[PDB]
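J.: Chain by chain, the residues:
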Amino acid sequence: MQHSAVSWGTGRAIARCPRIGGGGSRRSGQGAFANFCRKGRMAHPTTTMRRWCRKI
Amino acid sequence: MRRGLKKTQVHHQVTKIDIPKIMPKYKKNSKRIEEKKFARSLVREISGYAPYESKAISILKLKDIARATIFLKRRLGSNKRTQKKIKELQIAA
Amino acid sequence: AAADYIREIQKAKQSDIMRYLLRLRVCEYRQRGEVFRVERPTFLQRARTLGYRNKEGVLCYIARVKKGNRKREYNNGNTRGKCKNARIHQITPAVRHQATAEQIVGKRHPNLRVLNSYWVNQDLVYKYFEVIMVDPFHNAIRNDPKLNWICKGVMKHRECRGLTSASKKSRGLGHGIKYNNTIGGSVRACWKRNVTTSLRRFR
Amino acid sequence: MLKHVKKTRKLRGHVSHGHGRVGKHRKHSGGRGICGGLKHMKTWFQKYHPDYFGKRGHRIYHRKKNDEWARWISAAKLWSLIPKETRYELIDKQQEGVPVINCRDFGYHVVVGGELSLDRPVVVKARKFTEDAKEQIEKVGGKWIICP
Amino acid sequence: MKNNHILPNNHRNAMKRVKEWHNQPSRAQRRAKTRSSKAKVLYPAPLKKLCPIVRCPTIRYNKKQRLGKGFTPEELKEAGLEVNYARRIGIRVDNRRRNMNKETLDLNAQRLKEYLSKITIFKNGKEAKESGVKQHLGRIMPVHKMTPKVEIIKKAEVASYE
RNA sequence: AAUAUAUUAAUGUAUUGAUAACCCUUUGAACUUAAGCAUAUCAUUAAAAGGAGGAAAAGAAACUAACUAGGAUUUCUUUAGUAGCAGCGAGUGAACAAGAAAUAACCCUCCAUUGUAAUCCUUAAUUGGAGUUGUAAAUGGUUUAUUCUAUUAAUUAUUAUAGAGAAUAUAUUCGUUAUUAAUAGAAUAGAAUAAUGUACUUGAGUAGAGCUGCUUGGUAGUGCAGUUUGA
Ligand SMILES: [Mg+2]
Ligand SMILES: [Mg+2]
Ligand SMILES: [Mg+2]
Ligand SMILES: [Mg+2]
Ligand SMILES: [Mg+2]
Ligand SMILES: [Mg+2]
Ligand SMILES: [Mg+2]
Ligand SMILES: [Mg+2]
Ligand SMILES: [Mg+2]
Ligand SMILES: [Mg+2]
Ligand SMILES: [Mg+2]
Ligand SMILES: [Mg+2]
Ligand SMILES: [Mg+2]
Ligand SMILES: [Mg+2]
Ligand SMILES: [Mg+2]
Ligand SMILES: [Mg+2]
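Protein chains in written order, with the deposited numbering: chain LC0, 57 to 112; chain LII, 1 to 93; chain LN0, 2 to 204; chain LAA, 1 to 148; chain LL0, 1 to 162.
No lab work stands behind these hints, which were simulated from the structure alone. Heads up, a few of these hints could be off.
[To be verified] Under the rule of at most 25 angstroms between Cα atoms (straight-line distance), these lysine-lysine pairs were calculated in the PhoX-like manner: (1) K6 (chain LII) <-> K128 (chain LAA); (2) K134 (chain LAA) <-> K6 (chain LII); (3) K145 (chain LL0) <-> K134 (chain LAA); (4) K27 (chain LAA) <-> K2 (chain LL0); (5) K155 (chain LL0) <-> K77 (chain LAA); (6) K155 (chain LL0) <-> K139 (chain LAA); (7) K6 (chain LII) <-> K143 (chain LAA); (8) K7 (chain LII) <-> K42 (chain LAA); (9) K27 (chain LAA) <-> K64 (chain LL0); (10) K37 (chain LII) <-> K147 (chain LN0); (11) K145 (chain LL0) <-> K25 (chain LII); (12) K64 (chain LL0) <-> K65 (chain LAA); (13) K147 (chain LN0) <-> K36 (chain LII); (14) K125 (chain LAA) <-> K2 (chain LL0); (15) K19 (chain LL0) <-> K143 (chain LAA); (16) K147 (chain LN0) <-> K25 (chain LII); (17) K139 (chain LAA) <-> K154 (chain LL0); (18) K73 (chain LII) <-> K147 (chain LN0); (19) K28 (chain LII) <-> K2 (chain LL0); (20) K145 (chain LL0) <-> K42 (chain LAA); (21) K84 (chain LII) <-> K147 (chain LN0); (22) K31 (chain LII) <-> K12 (chain LN0); (23) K77 (chain LL0) <-> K25 (chain LII); (24) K93 (chain LAA) <-> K149 (chain LL0); (25) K80 (chain LII) <-> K14 (chain LN0); (26) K64 (chain LL0) <-> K6 (chain LII); (27) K6 (chain LII) <-> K125 (chain LAA); (28) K145 (chain LL0) <-> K64 (chain LL0).
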């Protein structure tokens, strides 16, 4: 979640998913911020809240 | 539910005692008090009264005691401090 | 003895003596600036109980505050929000006017540290206070055990953190059930430990 | 150990999960929390929870829990309060001795009614015997004393 | 909400501010480590100090006795110690407490004689380190939990019991 | 150089900048929830500014209770999603008692023996000052022994106090294991050297009232502040 992407909207013959803004490289214009995007975070990230021990 | 149980209450009996403390946090000093009470009677003679205390004297010269009580209740807070001040002013008038 | 005849004289501030003497000093203060330097304190017996000692390295100053509320400053009364919070005029400050007198004199002199302050006299427009400041880097105050505590590291700028006795009262500390807030340290320390839920190991 | 398969593993391959096609699974249809108790969730409050709305009674600020403590046992279980060693000795040999029970020494304050176990007289100490507990203790031949 | 449930009450920021107890077995190792390292610094002296016996205030815990904080100086006057001398031995002193009865004063006065009959005093620390005496580590003379006792009485006295 | 102090325009002393976690003050929103929304909630939050330390803040009752009574501060369990607050709607929300970790109390403010400022800074120097509108501050680091921490350097079988692991080829080494040395720092104890008079202080433009605004579960102040008045 490091970048600052935002969706471009409809009317451009392109998908709705968030695009990397800016310009000047091959990176600008690619998708972000989704589990089905490359170099994007996964849905339901694991955490240390999980119960590690049981009680007998 | 506390009402009916309070009507019947018996206290466990213990023998009492009264012993004064070895080192108290407050030692009443007789010498230290009498210098404060003697110095105040000297300073009130050289200095005068407050401008609200001068008006309360001249009202008490007309014997408007019921008028002078509401005059001091508006200035000071409590009713006890009014009746302590009237005894100081009725002597000086 | 002579400590008691002076303290009873300077207590009654409505008498014939003190009304005469306070009128002269106010006319002396208006010719001066904001902060100026006096040699000996005006209220001698009051300043002595607050820790003053006639030693070299103990200095006294006098400042002034304008005695009123302070207005919020927006362009036209537009706060750009809801109507729950749009009041401008009737808002009271957080600390007393004794505390704001210390921040003025403490900022102008970064050389020294502050001890205490008290009231002197009033006008229509101003309130006058006297501040007592002491040098930490003098060799006469670095050596005695009576004031050796003020040369520590944690005693720098006690006004900006609210540790002097003038501004300590506004934080609301004490014993009992009336001070249920600030039950640990400060106000914000009491709130943080109450909201957070504890997740133990076995549960 | 004994285990059960989750319901998600049986649900792969079907176009939806168990949520239908016409009425889809959206976020928060009907509001969040317990909202709408007076307009459109009126029928749910009527069947399962009457007395939710309104005020009743007198309000007391700061009830003290420790000052209003009261524990109760029946009159029947007073022979069970006697410890296991000396309870046997009263049965077989010391058949004439009368046991003395202090209910506050075990942590009970009030004695509600019931029937005593055996036909021997006893001595009971507590606070606030009920009216049935005064009756069935004295029927055997006992005595009740209000104890601090 | 489409069945028979109780009214749920779960706050909105319940899981947003969380404190986790991951360091629980590692904390208990450290506390026993500094406790054992403090024991060698004062070798012949015990680890803890003496405490008095008091009653609990309310009516729910009225029949329970408990280790209090400190001794009033009047109970030391019965035993014969002075408060500047008794602080150097392992005795705790409280000055805020007030005396109430005779039974609670004769109990604490008897307890001070038992502590004085056990301690010894050497000359200097070089003499004390050389003697090998077992060092106590727990609480010093605690209270013990009572067992209830039922008294057996004869048949005649129940008409005139108190 | 700037803002200030000390000595005689010159000289000495102190502050200024960096932080992206924890701590103490100031200022302070809206998206959102209520199936709309304006009091309410998000929130004593995010952003922003000021100030210090390896921790900071707090701390020796103008308390809690109604018992046969407890005893400075801090932290954990529990009381408790309770008493209560609120278009009494959505929602929010404490304390005593009880079981533990850790324990420690003290100093100024009078008239301190007036048969004597006995004090304090600075100078190689009663040298120059400060101070009676009231200053008062006992001193020796030598040596011996023990324990702990950090960093460097050295020796380790081929039976084994060494079968943790790496590297080469298809029986050998570094280490592990177990021992010493050097330097720096800290603590405890012994021996020796230095040193011991007199001390009856209790907190004012404060505490509290009238009007006004914020805050809290506090309900007709729980706490704070401006103005007038003020024991
Ligand atoms: Mg990734
Ligand atoms: Mg402090
Ligand atoms: Mg579908
Ligand atoms: Mg549906
Ligand atoms: Mg449909
Ligand atoms: Mg949100
Ligand atoms: Mg809405
Ligand atoms: Mg909606
Ligand atoms: Mg809307
Ligand atoms: Mg708020
Ligand atoms: Mg600490
Ligand atoms: Mg501190
Ligand atoms: Mg809140
Ligand atoms: Mg003196
Ligand atoms: Mg080898
Ligand atoms: Mg006082």
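J.: Which earlier hints turn out false for this structure, listed by number in ascending order?
T.: 3, 8, 9, 10, 11, 13, 14, 15, 18, 19, 20, 21
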